[PDB]
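S.K.: One-letter residues, chain by chain:
Number of protein chains: 4
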Amino acid sequence: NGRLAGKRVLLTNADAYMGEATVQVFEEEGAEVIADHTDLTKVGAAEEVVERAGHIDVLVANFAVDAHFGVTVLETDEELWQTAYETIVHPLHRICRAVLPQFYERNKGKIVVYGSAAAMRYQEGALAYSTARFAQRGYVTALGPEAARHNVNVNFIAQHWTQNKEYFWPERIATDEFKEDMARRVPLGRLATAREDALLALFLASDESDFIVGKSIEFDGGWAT
Amino acid sequence: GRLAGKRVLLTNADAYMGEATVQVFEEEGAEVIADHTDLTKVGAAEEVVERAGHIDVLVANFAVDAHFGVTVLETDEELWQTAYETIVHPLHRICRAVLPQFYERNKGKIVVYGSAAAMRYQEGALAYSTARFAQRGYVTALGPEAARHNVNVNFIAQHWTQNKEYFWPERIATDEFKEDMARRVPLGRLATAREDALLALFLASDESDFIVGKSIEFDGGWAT
Amino acid sequence: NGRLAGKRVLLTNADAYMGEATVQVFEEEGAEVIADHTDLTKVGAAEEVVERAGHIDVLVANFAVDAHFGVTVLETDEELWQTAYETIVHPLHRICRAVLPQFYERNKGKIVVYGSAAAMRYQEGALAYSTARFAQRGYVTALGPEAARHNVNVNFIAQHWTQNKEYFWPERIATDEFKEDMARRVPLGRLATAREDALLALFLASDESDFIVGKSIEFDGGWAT
Amino acid sequence: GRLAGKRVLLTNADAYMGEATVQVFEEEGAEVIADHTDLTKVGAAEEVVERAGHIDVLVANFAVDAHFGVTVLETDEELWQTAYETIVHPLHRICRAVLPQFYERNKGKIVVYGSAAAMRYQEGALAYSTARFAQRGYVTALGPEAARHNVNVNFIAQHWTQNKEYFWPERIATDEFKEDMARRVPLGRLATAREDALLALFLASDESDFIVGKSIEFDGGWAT
Ligand SMILES: [Cl-]
Ligand SMILES: [Cl-]
Ligand SMILES: [Cl-]
Ligand SMILES: [Cl-]
Numbered sequence: 003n004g005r006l007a008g009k010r011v012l013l014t015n016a017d018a019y020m021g022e023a024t025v026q027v028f029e030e031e032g033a034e035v036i037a038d039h040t041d042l043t044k045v046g047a048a049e050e051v052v053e054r055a056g057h058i059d060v061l062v063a064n065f066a067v068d069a070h071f072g073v074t075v076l077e078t079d080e081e082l083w084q085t086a087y088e089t090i091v092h093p094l095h096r097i098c099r100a101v102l103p104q105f106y107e108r109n110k111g112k113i114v115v116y117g118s119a120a121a122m123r124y125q126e127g128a129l130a131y132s133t134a135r136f137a138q139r140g141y142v143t144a145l146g147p148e149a150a151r152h153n154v155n156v157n158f159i160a161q162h163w164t165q166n167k168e169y170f171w172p173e174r175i176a177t178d179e180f181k182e183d184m185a186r187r188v189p190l191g192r193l194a195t196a197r198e199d200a201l202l203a204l205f206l207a208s209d210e211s212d213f214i215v216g217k218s219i220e221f222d223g224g225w226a227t
Numbered sequence: 004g005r006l007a008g009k010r011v012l013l014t015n016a017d018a019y020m021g022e023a024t025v026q027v028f029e030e031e032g033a034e035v036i037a038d039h040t041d042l043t044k045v046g047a048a049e050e051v052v053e054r055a056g057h058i059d060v061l062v063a064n065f066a067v068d069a070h071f072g073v074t075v076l077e078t079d080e081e082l083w084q085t086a087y088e089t090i091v092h093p094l095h096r097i098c099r100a101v102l103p104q105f106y107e108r109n110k111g112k113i114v115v116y117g118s119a120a121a122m123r124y125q126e127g128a129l130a131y132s133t134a135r136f137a138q139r140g141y142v143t144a145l146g147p148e149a150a151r152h153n154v155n156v157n158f159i160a161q162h163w164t165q166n167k168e169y170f171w172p173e174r175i176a177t178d179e180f181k182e183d184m185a186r187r188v189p190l191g192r193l194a195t196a197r198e199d200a201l202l203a204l205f206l207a208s209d210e211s212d213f214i215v216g217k218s219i220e221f222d223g224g225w226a227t
Numbered sequence: 003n004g005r006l007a008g009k010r011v012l013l014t015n016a017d018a019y020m021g022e023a024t025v026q027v028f029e030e031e032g033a034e035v036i037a038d039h040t041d042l043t044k045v046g047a048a049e050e051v052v053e054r055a056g057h058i059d060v061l062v063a064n065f066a067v068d069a070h071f072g073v074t075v076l077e078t079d080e081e082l083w084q085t086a087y088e089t090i091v092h093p094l095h096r097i098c099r100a101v102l103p104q105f106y107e108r109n110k111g112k113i114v115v116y117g118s119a120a121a122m123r124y125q126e127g128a129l130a131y132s133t134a135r136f137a138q139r140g141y142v143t144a145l146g147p148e149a150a151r152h153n154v155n156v157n158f159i160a161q162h163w164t165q166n167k168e169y170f171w172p173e174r175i176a177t178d179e180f181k182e183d184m185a186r187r188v189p190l191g192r193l194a195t196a197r198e199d200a201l202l203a204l205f206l207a208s209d210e211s212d213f214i215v216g217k218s219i220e221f222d223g224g225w226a227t
Numbered sequence: 004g005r006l007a008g009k010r011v012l013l014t015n016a017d018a019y020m021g022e023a024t025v026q027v028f029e030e031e032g033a034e035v036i037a038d039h040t041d042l043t044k045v046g047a048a049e050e051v052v053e054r055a056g057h058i059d060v061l062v063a064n065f066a067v068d069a070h071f072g073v074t075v076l077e078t079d080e081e082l083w084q085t086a087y088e089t090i091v092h093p094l095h096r097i098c099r100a101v102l103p104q105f106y107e108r109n110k111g112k113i114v115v116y117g118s119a120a121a122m123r124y125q126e127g128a129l130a131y132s133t134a135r136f137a138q139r140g141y142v143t144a145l146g147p148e149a150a151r152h153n154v155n156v157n158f159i160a161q162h163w164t165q166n167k168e169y170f171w172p173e174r175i176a177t178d179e180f181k182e183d184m185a186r187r188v189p190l191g192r193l194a195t196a197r198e199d200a201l202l203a204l205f206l207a208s209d210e211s212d213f214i215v216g217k218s219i220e221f222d223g224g225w226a227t
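Chains as they are written, first to last, in the authors' numbering: chain A, 3 to 227; chain D, 4 to 227; chain B, 3 to 227; chain C, 4 to 227.
Just so you know, not all the hints are guaranteed correct.
To be verified - Derived pair list, reagent style DMTMM-like, types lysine to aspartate or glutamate, alpha-carbon separation capped at 20 angstroms:
#, chain 1, residue 1, chain 2, residue 2
1, D, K44, A, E81
2, B, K44, C, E81
3, C, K110, C, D209
4, C, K44, B, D68
5, B, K44, C, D209
6, A, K44, D, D79
No lab work stands behind these hints, which were simulated from the structure alone.
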């Protein structure tokens, strides 16, 4: 059988960010993927999504927001700042808090967060976004060891240079300027495919990774090494 | 003195590490503007800076109840939001307010009193830890941007340091606390608030211009 | 349809440390495992092993030495200090330098190092050993991005609380101090089995992990989180 | 002075960051024992300490040619061994020699001039990086052990700092160097040797007793 045989996976914002490749990889490995499209910025929405989903073995916390490439600290206004937190930080705790009771009842569970390498090292021109990804990384760091006492794994994929619409859309990655910047800063010298990212998520969602607790795994071609 | 002629803007001066900052920095010749304005209000940071006038050093001193022992399932919406409202959003407001004059002079200093809960897992302090992580991320992301203007932004990742918010005199006398500290703090003691302010003094002084966007662990070895 | 189908894996010190589970897990996924038992502390031995081996797709750098638990800084004499470096540091460069030419020729390769969480954070009473593991972590950090330009992945497993004879022999597990660490310092509250560690190595040796470059992956039940 | 009445043992005082250490530490009242002994020799460290007598601070100043540009395939046995022989094994010899008197007094200070190559990938410096990582590991592992005796051991992870071994005048004078440096260093300049010594001064002073087994990145933001 497949590496997620029998498992049911709740995927947030399934059309956005890394959702499409998650569905493809996880379904090929036998999982039933609940592809949710609910806006989890609404208070109370997370508990409703979880109640409607039924039995959940794996939560894939898939959240993204415009990074506002090139916007400076002085141009990072109140609304831009707040929107980073409203979009990817507060919903992360809402959805995790909603799924953890059934994980705790069964003394088993899996949470995979698609995050950012901007939560690990300086990424130029993405200030509010970086701080919000740091907050996500902190949530995994703080919740991870707490949830591990209930045999629940929580882990953070610190991705960069990976194909997606929000940060590496086809038009952006085609220019000469982008290509020279990627060759300078990415040791592997290429972008990751979305599938490669979902293959790491697959490892972290599977029962092959039970000993990995509260970790940030840098998925960035060597950028932050 | 090591801060001779310098003017220092200190937020929430009666809270957290404020008192020791005044004492140490004034000892070294600084004029310390001991502000007590609530920076959770939009617009307050700009008014504080305009009234302060010339600022050489910003000490970003923010604290919030960590709610020690509260689990993930009991971290409700209001507790979570209050952590960010109290120590995260105001940090960008006050830094964004001081940077313009630093950029005109191509010189500035920002020191953030943070937490070692932004570096490693600290039991029973969930929302608080994530808010300190956000502050650490602000220093990590702003640091290299501001350094192009010769402005230093750095983060003190403190733990086991005397203060009212986290190590108030009652809590440090329990049996569980003393052997907690003995087991997990290699140095075997709490830091004085003065010792913390002496690190902030180094990072606020012109002896530390090459330190950019760094998290300095001030924890008696806890996170080593 | 094994995840290492068609691959040939050179495993050092194959009976020691993490070698036996590596053989079992990798062979179940279709790999041919060249299980070497050569003493690589001897200059020249690494190139001779690699020449004899023929075509290599994956190097598993499996090195261990007595940690000398409880030996203090003042009791760490010249011989004990040198032996840590001779046993797990110098051989690591020799065997990697020996394998890299054929990886570079094919613009493809995989190196997985079984290291230690002592390379990440303070571990009580294992001084010379910790510094030698830090040196191994440094080797992965420094080599990783250099080798990635040739599409070669080099990664470090920073393990702790994992089944092996060298560090978790039966009498240690029976001590009050170990039980205290499992209650207080290991969030998951158990040892990993060697299988689980080999499953992380399998991921890092497979073509599912080509975007992972020069990383230290903490395999420690949450201990360093 | 901030080191008034202190005696400081400085290794390899002619090399690396030694000259700036002498200048800054003597300005602050220290007596600096400027040792030039070859500590790759077994037995030498204990004789250095015996001759020095009472030591309050050890500044572990070790350097070796980084062999910039030499690839993994050209890092031969001799190049590799020389890195460890020059900056790794002597570090334990000299710390082991000074710790006994620190332990009698329950007080001591060790500052290691290391490298930011012990923190993140530095291109073209393979053997050197791994040897600096080993130094960082020594501080990380010894720090908490020594802190039990109120001894501080800390690591300066420096880069882009003026010295003869890595950033010598002829190397840093060219336009190619200055252009590459402006791209990789957020602060956009090299540090002076004195600035590095001012960090060592803080870590050697009694203002830094709560800092235990830490790596402080001294690199203008390079590794941030
Ligand atoms: Cl990405
Ligand atoms: Cl504190
Ligand atoms: Cl282990
Ligand atoms: Cl340097």
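S.K.: It remains to establish, for every hint, whether it holds in the given structure.
M.R.: We went through each hint and held it up to the structure:
no., hint, result
1, D:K44 with A:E81, "holds, 14 angstroms"
2, B:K44 with C:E81, "holds, 14 angstroms"
3, C:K110 with C:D209, "holds, 10 angstroms"
4, C:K44 with B:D68, "violated, 25 angstroms"
5, B:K44 with C:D209, "violated, 47 angstroms"
6, A:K44 with D:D79, "holds, 14 angstroms"
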